[PDB]
Amino acid sequence: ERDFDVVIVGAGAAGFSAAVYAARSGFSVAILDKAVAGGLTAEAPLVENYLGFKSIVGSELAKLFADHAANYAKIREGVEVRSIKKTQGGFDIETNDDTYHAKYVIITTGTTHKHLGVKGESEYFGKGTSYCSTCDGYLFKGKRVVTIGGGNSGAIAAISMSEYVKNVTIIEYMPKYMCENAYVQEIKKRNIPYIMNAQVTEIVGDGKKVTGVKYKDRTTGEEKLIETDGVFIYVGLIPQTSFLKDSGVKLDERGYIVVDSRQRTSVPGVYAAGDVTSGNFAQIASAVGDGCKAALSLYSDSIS
Amino acid sequence: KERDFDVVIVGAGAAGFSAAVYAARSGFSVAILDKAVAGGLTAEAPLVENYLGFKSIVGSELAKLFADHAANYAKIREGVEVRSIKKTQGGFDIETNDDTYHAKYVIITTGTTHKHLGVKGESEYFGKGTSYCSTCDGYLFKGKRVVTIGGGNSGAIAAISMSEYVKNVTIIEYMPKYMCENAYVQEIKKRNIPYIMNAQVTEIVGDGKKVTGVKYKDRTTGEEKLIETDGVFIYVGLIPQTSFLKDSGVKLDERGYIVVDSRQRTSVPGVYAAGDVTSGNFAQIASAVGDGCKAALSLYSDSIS
Ligand SMILES: Cc1cc2nc3c(=O)[nH]c(=O)nc-3n(C[C@H](O)[C@H](O)[C@H](O)COP(=O)(O)OP(=O)(O)OC[C@H]3O[C@@H](n4cnc5c(N)ncnc54)[C@H](O)[C@@H]3O)c2cc1C
Ligand SMILES: Cc1cc2nc3c(=O)[nH]c(=O)nc-3n(C[C@H](O)[C@H](O)[C@H](O)COP(=O)(O)OP(=O)(O)OC[C@H]3O[C@@H](n4cnc5c(N)ncnc54)[C@H](O)[C@@H]3O)c2cc1C
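The listed protein sequences correspond, in order, to chains Z and D.
For the first sequence, position 234 matches number 234 in our numbering, and the numbering has no gaps at all.
For the second sequence, position 152 matches number 1152 in our numbering, and the numbering has no gaps at all.
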């Protein structure tokens, strides 16, 4: 049970979508995830732009995704892929488990949360600093929090947290709102301060817990300190493509897997879709769509 | 009563709806124009089981959910048909069958229309047994004999869905082998639904008032046979809804589909497209939603700089 027609790496929106179509296309399919299934979708506080769901908590939506995919593929949680190399008869997937064999592969490993790189970030990790609001937002009920990064992720994180924390403050590097207008309105509606043009210089605390965050205005230099209890960091993503070393699948300057209009990688038989691919739009809807494409594109070629 | 919007989306189908939600959340005033009532081809899908999140759901049901979702973000003008798109200084002029609409940007999501067989009796029997939508007219032949021309995914699921209330169903595929995904192939065999292959329909026959049967010539032996059916459903292809684009400047491929880049941009600045209308599309709700999402986000991205 380590041999399948198609092996998909990553149990997230893209992967799940690819699975259902791979199966329905008549292929035996296996989805391998280095952790429990769900992907970043499970960490989404509230999803309102996935067609068909007016408003659904990410973890809940991820549950529906997985259960849907479950009816067509074997979901192997806890299996991390470390390499992929083609062989005359498919490919070999070296894992933290054993070794899997597939004729075709679809890489849907998404991304990881980027780090800020400032004094006190490493030190206070698990001491008031977090990269997942849905995971640790509860810790700060009735408390003060600062969200570093005002993009769509940071915006909804803070918007959702403001429901139960004492107060939320958003600190954005760019001299403008980086989150979609729907969040801009919601943020202004809940009176959530959104500090733009601010560069965080330091996360500070009492050696035990976080007590505040230092940031300076990029233009005037004015440095300021704001006291909170929790600091959540949403300042970017990183493609999870490290396991593709010596695989032959081309990547762009930032680590993303380059693919053609039919989700094909530079390596015959290997397809990719989702937040992991180059130029992706970072949404569940596009991942689902592109995961669909990869699978049908896979089939299309399978029939010569 | 307004005709001016930051962005006009042409076509209220899966792609248009997704694009609408995204364009609206990005701050734009949005309007979705459809020549008929909203829903698009999704509403004619008997049973959708490959759109992530819904294990199984009747097409008409999913379309409603889509429309209700989109309505919260845009104005859906049913019964308005775009006849042309012309670029002006302020953006675009969109001539319809209900005055000219104006928009800064436009997204084309008009999908496709069903293709016609082109055989004798197809016209003269339309509405008298002939049809291109089983979800629409299938229930009429509940208990009678039927034949669906075309064994693609659409035709297949049409036959599979009807076999639940009809007498019998015979598919007639032009290509030699099965042309529908494996999931449908094993459903057909299970239900014992005949799947005549390498058959080329030559005529739809009836008694002048109602359809009685269809004649086809096996592309191999060259012969010609006949089958007893009350109703016939046609799913032999699709045509891009792009004729209204004549002289607009938007590049179409040799088959009429809009050609777009990786960011859903057509050849005309300010005009984007997504869904079954785009050349190379995979003809699924999922990818339609996905590209609709991209088009709107791409449109937003280009609006700033
Ligand atoms: C706070 C927040 C809010 C968001 N809100 C929205 C929203 O409202 N709307 C929206 O459309 N999107 C939203 N998103 C984004 C959305 O969640 C992502 O776009 C989507 O999850 C990407 O799907 P994916 O399948 O490409 O990858 P991911 O979901 O990132 O999944 C990749 C999977 O592969 C696994 N994996 C990685 N490397 C390996 C390996 N080497 N071997 C095996 N398995 C591996 C991972 O463990 C993971 O489960 C939000 C994200 C965040 C963080
Ligand atoms: C029987 C059948 C079963 C199917 N089953 C599945 C399935 O299980 N899974 C799946 O993923 N897909 C399925 N599909 C396909 C799916 O329905 C389509 O891929 C999807 O609807 C395409 O979306 P779209 O937005 O591109 O266009 P459409 O939904 O086709 O919508 C285009 C819209 O634009 C309008 N329009 C056209 N021209 C104009 C104009 N000039 N002015 C104004 N409005 C205009 C139309 O009236 C229409 O409402 C099925 C299709 C059929 C026929």
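Keep in mind that the hints were calculated from the coordinates and are not lab data.
Yeah, the Cβ is synthetic: ideal placement off N, Cα and C, and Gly gets one too.
Where hints are given, some of them may not hold.
One-sided and incomplete, this derived list gives chain D residues near chain Z with beta-carbon spacing under 7 Å [stated by the list, open to error]:
no. : residue
1   : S1026
2   : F1066
3   : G1206
4   : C1293
In silico SDA-like pairs for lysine to any residue, Cα to Cα no more than 25 Å straight-line [stated by the list, open to error]:
no. : chain 1 : residue 1 : chain 2 : residue 2
5   : Z       : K176      : Z       : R254
6   : D       : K1215     : D       : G1118
7   : D       : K1177     : D       : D1218
8   : Z       : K176      : D       : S1026
9   : Z       : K74       : D       : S1056
10  : Z       : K54       : D       : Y1300
11  : D       : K1190     : Z       : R24
12  : Z       : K103      : D       : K1177
13  : Z       : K176      : D       : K1190
14  : Z       : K54       : D       : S1301
15  : Z       : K74       : D       : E1049
16  : D       : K1177     : Z       : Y299
17  : Z       : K54       : D       : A1283
18  : Z       : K114      : Z       : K103
19  : D       : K1055     : Z       : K114
20  : Z       : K74       : D       : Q1186
21  : Z       : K250      : D       : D1261
22  : D       : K1055     : Z       : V57
23  : Z       : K103      : D       : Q1186
24  : Z       : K54       : D       : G1027
25  : D       : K1177     : Z       : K34
26  : D       : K1190     : Z       : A35
27  : Z       : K74       : D       : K1055
28  : D       : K1055     : Z       : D252
29  : Z       : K54       : D       : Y1073
30  : D       : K1177     : Z       : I303
31  : Z       : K250      : D       : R1263
32  : Z       : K34       : Z       : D252
33  : Z       : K86       : Z       : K54
34  : D       : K1055     : Z       : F125
35  : Z       : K189      : D       : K1177
36  : D       : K1035     : D       : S1056
37  : D       : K1075     : D       : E1061
38  : D       : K1104     : D       : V1250
39  : Z       : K63       : D       : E1061
40  : D       : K1075     : Z       : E48
Hint-by-hint comparison with the structure:
For D:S1026, the interface hint holds, the least distance from its beta-carbon to any beta-carbon of chain Z being 5 Å, beneath 7 Å. Because the beta carbon of D:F1066 sits about 6 Å from the nearest beta carbon in chain Z, less than 7 Å, this interface hint is met. Hint status for D:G1206: violated, given a least beta-carbon distance of 37 Å to chain Z, over 7 Å. Contact between D:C1293 and chain Z, as hinted, is supported at the beta carbon level, the nearest pair being about 4 Å apart and thus within 7 Å.
Between Z:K176 and Z:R254, the direct Cα distance comes to roughly 24 Å. Compliance with the 25 Å bound is thereby established for this hinted pair. Taking the CA atoms of D:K1215 and D:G1118, the gap is near 13 Å; set against the 25 Å cutoff, the hint holds. Simply put, D:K1177 and D:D1218 have alpha-carbon atoms about 13 Å apart, close enough for the 25 Å limit, and the pair holds. The straight-line distance between the Cα atoms of Z:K176 and D:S1026 is roughly 14 Å, inside the 25 Å bound, and the hint therefore holds.
A hinted pair counts as satisfied when its Cα atoms are at most 25 Å apart, and Z:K74 with D:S1056 qualifies at roughly 19 Å. Between Z:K54 and D:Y1300 the CA atoms are separated by roughly 21 Å; this keeps the pair inside 25 Å, and the hint holds. In summary, the hint linking D:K1190 to Z:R24 is supported, as the alpha carbons are separated by about 15 Å, within the 25 Å threshold. About 23 Å separates the Cα atoms of Z:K103 and D:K1177, which keeps this hinted pair within 25 Å; it holds.
Restraint check for Z:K176 and D:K1190: the C-alpha separation of about 60 Å exceeds 25 Å, so the hint is violated. For a cut-off of 25 Å, the pair hint linking Z:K54 to D:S1301 stands: about 24 Å separates their Cα positions. Only pairs whose Cα atoms come within 25 Å are accepted, and Z:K74 paired with D:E1049 is accepted, the gap being roughly 18 Å. Between the alpha carbons of D:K1177 and Z:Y299 the distance comes to roughly 16 Å, so the proposed pair stays at or under 25 Å and holds.
Only pairs whose Cα atoms come within 25 Å are accepted, and Z:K54 paired with D:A1283 is accepted, the gap being roughly 24 Å. For a cut-off of 25 Å, the pair hint linking Z:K114 to Z:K103 is broken: about 33 Å separates their Cα positions. Using a Cα cut-off of 25 Å, the hinted pair D:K1055 and Z:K114 is violated, with the two alpha carbons roughly 34 Å apart. Proximity of Z:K74 to D:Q1186 is assessed by CA-CA distance (about 20 Å); at most 25 Å being required, the pair is judged to hold.
Using a Cα cut-off of 25 Å, the hinted pair Z:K250 and D:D1261 holds, with the two alpha carbons roughly 20 Å apart. Distance check on the hinted pair: D:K1055 and Z:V57 sit about 18 Å apart at the alpha-carbon level, within 25 Å; holds. Of the supplied pair hints, the one linking Z:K103 and D:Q1186 holds, its CA atoms being roughly 22 Å apart against a limit of 25 Å. Among the hinted pairs, Z:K54 with D:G1027 is consistent with the structure: their alpha-carbon atoms are about 18 Å apart, no more than 25 Å.
Annotation: proposed proximity of D:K1177 to Z:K34 is violated, straight-line Cα distance about 40 Å (limit 25 Å). With a C-alpha separation of about 38 Å, the suggested pairing of D:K1190 with Z:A35 is violated against the 25 Å cut-off. Between Z:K74 and D:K1055 the CA atoms are separated by roughly 16 Å; this keeps the pair inside 25 Å, and the hint holds. The straight-line distance between the Cα atoms of D:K1055 and Z:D252 is roughly 36 Å, outside the 25 Å bound, and the hint therefore fails.
For the hint pairing Z:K54 with D:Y1073, the CA-to-CA distance comes to about 11 Å; that is within 25 Å, so the pair holds. Our distance criterion of 25 Å between C-alpha atoms is met by D:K1177 and Z:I303, whose separation comes to about 12 Å. For the suggested pair Z:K250 and D:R1263, the alpha carbons sit about 20 Å apart, so the restraint of at most 25 Å is met. Pair hint Z:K34 plus Z:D252 holds up; C-alpha atoms about 24 Å apart against a cutoff of 25 Å.
At roughly 43 Å between alpha-carbon atoms, Z:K86 and Z:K54 are farther apart than 25 Å, so this suggested pair is violated. For a cut-off of 25 Å, the pair hint linking D:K1055 to Z:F125 is broken: about 40 Å separates their Cα positions. Taking the CA atoms of Z:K189 and D:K1177, the gap is about 60 Å. The hint is violated against a cut of 25 Å. A distance of roughly 29 Å separates the Cα atoms of D:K1035 and D:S1056; the hinted pair therefore is violated under the 25 Å criterion.
A distance of roughly 20 Å separates the Cα atoms of D:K1075 and D:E1061; the hinted pair therefore holds under the 25 Å criterion. Our distance criterion of 25 Å between C-alpha atoms is met by D:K1104 and D:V1250, whose separation comes to about 16 Å. Of the supplied pair hints, the one linking Z:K63 and D:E1061 holds, its CA atoms being roughly 21 Å apart against a limit of 25 Å. Between D:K1075 and Z:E48 the CA atoms are separated by roughly 18 Å; this keeps the pair inside 25 Å, and the hint holds.
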